[PDB]
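K.L.:
What follows is each chain in one-letter form.
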Amino acid sequence: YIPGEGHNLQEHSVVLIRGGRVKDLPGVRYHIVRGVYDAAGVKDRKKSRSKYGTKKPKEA
Amino acid sequence: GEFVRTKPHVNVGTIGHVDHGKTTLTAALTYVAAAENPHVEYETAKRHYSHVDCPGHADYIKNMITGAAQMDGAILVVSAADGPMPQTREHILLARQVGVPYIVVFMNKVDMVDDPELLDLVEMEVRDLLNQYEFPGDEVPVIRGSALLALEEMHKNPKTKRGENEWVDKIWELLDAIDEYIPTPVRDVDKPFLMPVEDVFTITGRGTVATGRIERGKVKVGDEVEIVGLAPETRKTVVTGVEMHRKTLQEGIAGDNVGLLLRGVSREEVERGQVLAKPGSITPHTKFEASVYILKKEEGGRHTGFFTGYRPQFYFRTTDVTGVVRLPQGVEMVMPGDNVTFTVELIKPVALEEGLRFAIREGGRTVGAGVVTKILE
Amino acid sequence: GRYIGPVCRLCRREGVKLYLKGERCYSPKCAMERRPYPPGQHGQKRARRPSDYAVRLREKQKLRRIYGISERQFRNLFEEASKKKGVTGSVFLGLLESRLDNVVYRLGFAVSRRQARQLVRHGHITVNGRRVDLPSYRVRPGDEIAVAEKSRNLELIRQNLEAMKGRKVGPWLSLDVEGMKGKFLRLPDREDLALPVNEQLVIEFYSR
Amino acid sequence: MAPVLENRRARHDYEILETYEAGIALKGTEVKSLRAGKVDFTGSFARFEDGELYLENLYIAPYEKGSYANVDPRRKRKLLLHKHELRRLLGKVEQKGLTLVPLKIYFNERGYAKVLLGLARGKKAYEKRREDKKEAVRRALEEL
RNA sequence: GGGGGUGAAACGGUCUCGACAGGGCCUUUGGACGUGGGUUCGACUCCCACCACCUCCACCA
RNA sequence: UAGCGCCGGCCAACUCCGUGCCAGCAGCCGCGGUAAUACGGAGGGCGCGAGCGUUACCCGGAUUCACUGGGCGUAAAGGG
RNA sequence: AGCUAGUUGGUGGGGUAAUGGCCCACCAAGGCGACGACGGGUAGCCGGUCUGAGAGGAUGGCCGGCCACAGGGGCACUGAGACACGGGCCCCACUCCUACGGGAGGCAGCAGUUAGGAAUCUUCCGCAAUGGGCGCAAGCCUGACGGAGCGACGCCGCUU
Ligand SMILES: C/C=C\C=C\[C@@H]1O[C@](O)([C@H](CC)C(=O)NC/C=C/C=C(\C)[C@@H](OC)[C@@H](C)[C@@H]2O[C@H](/C=C/C=C/C=C(\C)C(=O)c3c(O)cc[nH]c3=O)[C@H](O)[C@@H]2O)[C@H](O)[C@H](O)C1(C)C
Ligand SMILES: Nc1nc2c(ncn2[C@@H]2O[C@H](COP(=O)(O)OP(=O)(O)O)[C@@H](O)[C@H]2O)c(=O)[nH]1
Ligand SMILES: [Mg+2]
Ligand SMILES: [Zn+2]
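Protein sequences, first through last, are from chains BL, BZ, BD and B2.
If you want the authors' numbering, it's the 1-based position in the first sequence plus 68.
Heads up: the second sequence runs through residues 3 to 40, 67 to 405, numbered per the authors' numbering.
If you want the authors' numbering, it's the 1-based position in the third sequence plus 1.
Mapping the fourth sequence onto the authors' numbering, position 84 (from 1) lands on 84, and the numbers just tick up by one.
Calculated directly from the structure, the hints in this document are not laboratory data.
C-beta atoms are modelled at their ideal positions from N, C-alpha and C, and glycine is treated no differently.
One should not assume that every hint holds.
To be verified - Below, computed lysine to any residue pairings styled on SDA-like, alpha-carbon distance capped at 20 Å:
| no. | chain 1 | residue 1 | chain 2 | residue 2 |
| --- | --- | --- | --- | --- |
| 1 | BD | 18 | BD | 40 |
| 2 | BZ | 315 | BL | 128 |
| 3 | BL | 114 | BZ | 260 |
| 4 | BL | 111 | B2 | 114 |
| 5 | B2 | 114 | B2 | 31 |
| 6 | BZ | 184 | BZ | 37 |
| 7 | BZ | 376 | BL | 125 |
| 8 | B2 | 104 | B2 | 67 |
What the hints assert, rightly or not - Selected chain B2 positions facing chain BL (Cβ under 8 Å, derived; list incomplete):
| no. | residue |
| --- | --- |
| 9 | 68 |
| 10 | 109 |
| 11 | 143 |
Please take these sequences and the hints and turn them into a complete structure.
P.N.:
So this is what it looks like as structure tokens:
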């Protein structure tokens, strides 16, 4: 599974697999760790970030 | 072997059309110069040299720029048998863009096809060409000779001392033209420290090493730096060896073309386009606006106007990343000539400072030139 | 480390008056007065029937928050408390009290523990001669809590220590208010610390 | 060279009276993905904010080649319809609860992504079973 | 760092038929074939420089 | 210097707007179909604090291999 | 689900510090197996350790004890002791020197590289201490060890 809203994963990208099924999608048993390798954090994200790759957005 | 500094140090490369002599010549200088004192190097009584040898093609221009961005002067090699050609012309232009100081010249192949005019004709058209680019054409030294014949006889007898062969001598008429004329310049060993990276390679049983020409300040075995740019988040480390031409340097002063040993990094963390800034100074960014003079049909290449979308390639120090030009609001377009100030966002993040002269190259011809106004990313 | 933020905020919410500030938190504005209700956009609406957990929580939170001691310190202390011989609902209190910063407070010097905290950390307070800047230093039976020499002529150790002229000291403590000495007589009991907390529920909160 | 796409799922779903065919404002990086046929219409009705129609909720896979360039799959893509044709659909849409749905997608003679719209029965109320004892007792408890 | 490879049909001729937008009811130009630009009266087609993948070489201060 | 997790139930902590089975959450039950205390942000609250969360693994809960401490008419379980 | 011929035992030997099928002749047909032999998979064992009301379950990283190994594999020599981590002979793989006929070597010591991987550190300082080896002794050697370094990896203390 690829969490968050939006991703940048290509038909051949380097990903880090975590582990956590998805009672919804059949044989899907692992979550892709957002924010590692080709898997980018979540743009605009601001809440539960630690669990969505995105770094602390400076209050600009 | 521990590198011991004595004579002032200069960086000088050799450019020119293909098959004109560049590589041979370098070989030439190397042996000829070494006969006296018990990417190459050579000490010439007065000075100490690092000779970068530009080898590539119109396909390998992504190193020409870099190579030239350094060197405090360049040897323009021109074939006597052929005379100025498109690559002989192209480099000169770049030597100009990259802003190289003083351009010595070496008509080569003089050993072949002998003609009274040929030599004077050619020597005249080379100068002519330089002058066509704001270089001290007439004022600049033009040595006549044969790299091969010098090199050849240096193999016959690698002891040949100046004055013992007409061909070897011509090399000295060059080394000499370089010893004087091409001036050693201002270093700036009193500023922070910083060094772009030109080549990153792993030294077995030691680890990663990063080479480049020390921009400003110095570095010593035991200091601390921060590889900045092209990476998700800057890396802070400590250096463990400053070497120059396979020799152990004690302190890398600015102007030094050296290899720095980064303790702990993996060869994947370092690249060409980063910098080994000393902590605190410099920081990665991807946004800024700036003053950019846009060359006209006359120079560079842009012969039309460009809008805001434009994704030219921006060349900073050793590398170049593509960026987007966010024209200011109320402008609408730029045209050949004039100096415009606009915002740009690089797809990749790169080390930046208040006043950093960078260039803009697109479509194979330098379209712009400019300095950094403010940092926004 | 040690909360550090709106305290006359915890006063309410808990709903049972707190005084981490001392004077103000003692005057006609312990925040409670005017706002006896918990913080936030809500704070004063039908407070749903608390659950068995909410309670255990509030009790331990109450008591803990009544020292500053962060969960790790608090809880870590409770554990040891359990071990020791004898009832715990008391011993846990026995130790929560031997805490120097607390003792130093129970004995004046500060119009509150938060102010008793900054008083130890800055070398002001001492014990049996040598100083101690460890709020966590658990005080033994006897060790007096004398002030310093650079500390006395202080515009603030004055005022604070001048609230002693009259008022009495804890049933397990003495007090030479001239040499600012006074000792630690004995381990306090459940009543002596008639605190607005039911220690039992706090023993249980730490089960599930 | 792209096969005719289709919303089999809602061709049956809503009764179809009149139909309208209009071109769209494709990003091209999208035009690729449409030629590959990787796109579905599930949960997508077409409306018009202001005076311009915009097929919304249509999913067009991203173009792997296109890398960072591609826009999000569900985009408010704009359609192209004659002015008199556009007003007739507005008359029917504003006035009554009739939907405009992507009926299918393809490329005409000239080779442009051309979407086929339909007239919708709409209605189709979604039955929602309700009130779980738990809540009921729950509220009683608190309220009183 | 470079070489090659894939960005639709072994293909120079209109215009999304259309709505938004700038000139000249109908003509029309822009936009959409990875992105940025050239060349043409005119490009999906043709050069360029980027981008992301693929693939083959290079690489010990 | 102050961060991180959580705020539908289990579980301590509620409101406005955005989206309209879309985008998304998710440990289980389950939320999302135009007033979403469950999605995204904000305000606020809770927990914890140089840490906070996730993932994997062991025991626990699980008297769910039961010795302590289970069962077998119809729930799995009497051998033709 | 059956296993076994040096197999089980015997007489006499060979061998070792010493018993012994440990090895060898010769004689006998024996030995083991549902109380699980043989074979397969996994695994270094314990003190402890985590969990648990407990009986249990899970684990064996650090520190102490035993065992096994030292690139894969065989062998002995020396010696109180080894069939020897930085000793030797030999075959194999691999890398390196060569004047192409034969040489040098083994980090699972310390520190370091590279590969693999989600991931694991300084080419450091000192023999002052403690311990060891050699020596009458002074003393030499000791990457044991006493320390410093890097990493919130953990626990405890501390601050804003
Ligand atoms: C250009 C490539 C890399 C630049 C890198 C950076 O540039 C710099 O940013 C630099 C800072 C000023 C920069 O911006 N360079 C960027 C720009 C710099 C531009 C400077 C100097 C100018 O002056 C306005 C200078 C060239 C100027 O042109 C004139 C000549 C023009 C000739 C044009 C071509 C002609 C006839 C021609 O036949 C020709 C051809 O050559 C090729 C093909 N077909 C042709 O038909 C004259 O000779 C003047 O001298 C810094 O130096 C950085 O440190 C850097 C070196 C890293
Ligand atoms: N006749 C002649 N040929 C030369 C001389 N020097 C070099 N060459 C030849 O020039 C050719 C290209 O030389 P090279 O150094 O590779 O030129 P580069 O293209 O600049 O590297 C080689 O075949 C050389 O032998 C010379 O002095 N005289
Ligand atoms: Mg060459
Ligand atoms: Zn108060």
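K.L.:
Check each numbered hint from earlier against the structure, then list the numbers of those it violates in ascending order.
P.N.:
Violated: hints 4, 8, 10, 11.
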